[PDB]
Amino acid sequence: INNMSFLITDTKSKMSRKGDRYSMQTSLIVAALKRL
Amino acid sequence: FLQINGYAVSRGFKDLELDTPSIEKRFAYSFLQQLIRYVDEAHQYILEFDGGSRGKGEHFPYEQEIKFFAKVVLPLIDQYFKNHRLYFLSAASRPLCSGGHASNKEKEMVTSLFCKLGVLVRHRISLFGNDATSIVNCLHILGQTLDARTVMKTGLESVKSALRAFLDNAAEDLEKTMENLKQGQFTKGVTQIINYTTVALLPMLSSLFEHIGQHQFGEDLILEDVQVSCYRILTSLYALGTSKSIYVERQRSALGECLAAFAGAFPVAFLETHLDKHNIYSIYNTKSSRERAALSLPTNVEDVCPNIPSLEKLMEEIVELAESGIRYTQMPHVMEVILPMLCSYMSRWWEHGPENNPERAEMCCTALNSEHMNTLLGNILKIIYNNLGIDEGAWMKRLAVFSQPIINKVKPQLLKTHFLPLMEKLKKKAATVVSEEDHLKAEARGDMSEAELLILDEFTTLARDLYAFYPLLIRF
Amino acid sequence: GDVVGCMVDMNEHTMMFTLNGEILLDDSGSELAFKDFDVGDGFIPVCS
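Chains as they are written, first to last, in the deposited numbering: chain A, 3425 to 3440, 3454 to 3473; chain S, 2895 to 3081, 3088 to 3376; chain L, 1159 to 1206.
Read the hints as simulated data drawn from the structure, not as lab findings.
For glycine and all other residues, C-beta sits at the position ideal for the given N, C-alpha and C.
Among the hints, a few may not be true.
With the Cβ distance kept under 7 Å, some of the chain A side facing chain S (calculated, not the full set) [as the list claims (entries may be wrong)]: (1) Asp3434; (2) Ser3437; (3) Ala3469; (4) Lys3471.
Computed Cβ-Cβ distance ranges for the label pairs, DEER-style [to be verified]: (5) A:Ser3440 - S:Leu2990: 21 to 27 Å; (6) L:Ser1186 - S:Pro3258: 40 to 46 Å; (7) S:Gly3346 - A:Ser3437: 45 to 51 Å.
Using the sequences and the accompanying hints, generate a full structural model.
Now the structure itself:
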């Protein structure tokens, strides 16, 4: 799970090492709380 | 002193010749020429080794050559095309406004290199050992980098024939795999083919079809004999997905994703055969009766895919799904291959649906509608609702990935009776979990001391259900 | 025809930009266009 496949996919629909490349901001729960 | 006396001193060695030709004097041209030549010598040495190892000369003098090939040429190709994908994929339409605009000959040689690597990988997943991953990765990247439209509209007939023959070989391998899986499932060529398909063919075809569908290359490349080969591929993939076999049990996921990519890429509405007469791209409209009889075709538009059901019938099957309360362990292939296929098919064919173009209606290829999508998504949601607390697996997470494009054309009235019960069962599960937490606060860890495997498993299942649903929730 | 809404928070020393009501983001997921800056003599709306 990288949350990127949901982070960078939603823009088209709305028409508007591992340690360093991995972040937690793509979490579904926190994304939902921001969007709701 | 020259300047103050005004003596003009110039560069003195101005360019005497234009030195213009870009089609020949480019680094990409030279590099791909060398790469294709090296792949050619690799192919000839691999056939020589095939003839020698089975003979007296098992020892191969070409150890240094094969080592250089595997350890240099393949990763170099992979990294180079990953870095410069946009340059080769650019056309008259500009993806990268800075520059680039790869030449037609360069695109031709990209396609030729992909075809040569496909020929090399065909039925040879063992001679390279661990290099099977390298060759399949290079083929994946190359297939993502192909420019099918430009290659077909301008290119050498040899390269076009190689591109057609790659798909023909893929269809033949799929047919061989199904035919030796049927009446052969009880019981080394069959094993070699069954391993080769899983290792290489399904990922390569998946990536190529996904790229073709994304870039709308199906209407330019999948024509006539290419359409016949794609019919064969579709039949083989669907029947492999539907078949009940211990061999296909653990490969049906790759079959499902490949079938979804093929449904997205294919330019003919195979599910809705009755409206195939309006599709100009149809071989059943272009090839005419005499060549369609000369070719291996059922001569009828409906009978092209006898096993694949019609869209309405498959909608009816999906509707009685999640209403009969059928579970993943029982009837798994349907929601493993059919549902991603339906999602991809609808995502492709909504633009061609009459709702996009209400004018000149009933001349459009399909009969798809936003009502079809909302019904499909509701049936999916009922499936996941019924399989929420029991029979959990990565299918919930993968189906959620597949169902994302459908959400764009869903009315908000679904949430009035679908989107609340799912969070209802989530709060019930989470409240139960925090209830046993409020009971046994003291022990909450991963090992096995006092009944904490139950709480760990319930936490994992609720987390996986939350990633089943929350992508749908946020994009709704 | 796009409308850019510019927000400044001089209490927390932050700046934000929205395009048609949607908050713009940097390379990361941060909503802050400029995370930190001294108050100085203040700020005024400006365009070029």
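To see whether the hints hold, each was checked on the structure:
Interface restraint check: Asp3434 of chain A against chain S, minimum CB-CB distance 6 Å, threshold 7 Å, status holds. Given hint, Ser3437 of chain A at the interface with chain S, holds; its Cβ is 5 Å from that chain's nearest Cβ, closer than 7 Å. Annotation: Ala3469 of chain A was flagged as interfacial toward chain S, and the flag holds, the nearest CB pair being 6 Å apart, inside 7 Å. Given hint, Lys3471 of chain A at the interface with chain S, is violated; its Cβ is 9 Å from that chain's nearest Cβ, farther than 7 Å.
Separated by about 23 Å at the C-beta atoms, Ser3440 of chain A and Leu2990 of chain S satisfy the suggested range of 21 to 27 Å. For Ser1186 of chain L and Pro3258 of chain S, the Cβ-Cβ distance of about 44 Å falls inside the hinted range of 40 to 46 Å, so the restraint holds. At roughly 38 Å, the beta carbons of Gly3346 of chain S and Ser3437 of chain A sit outside the given window of 45 to 51 Å.
Of the hints listed earlier, those the structure fails to meet are numbers 4, 7, in rising order.
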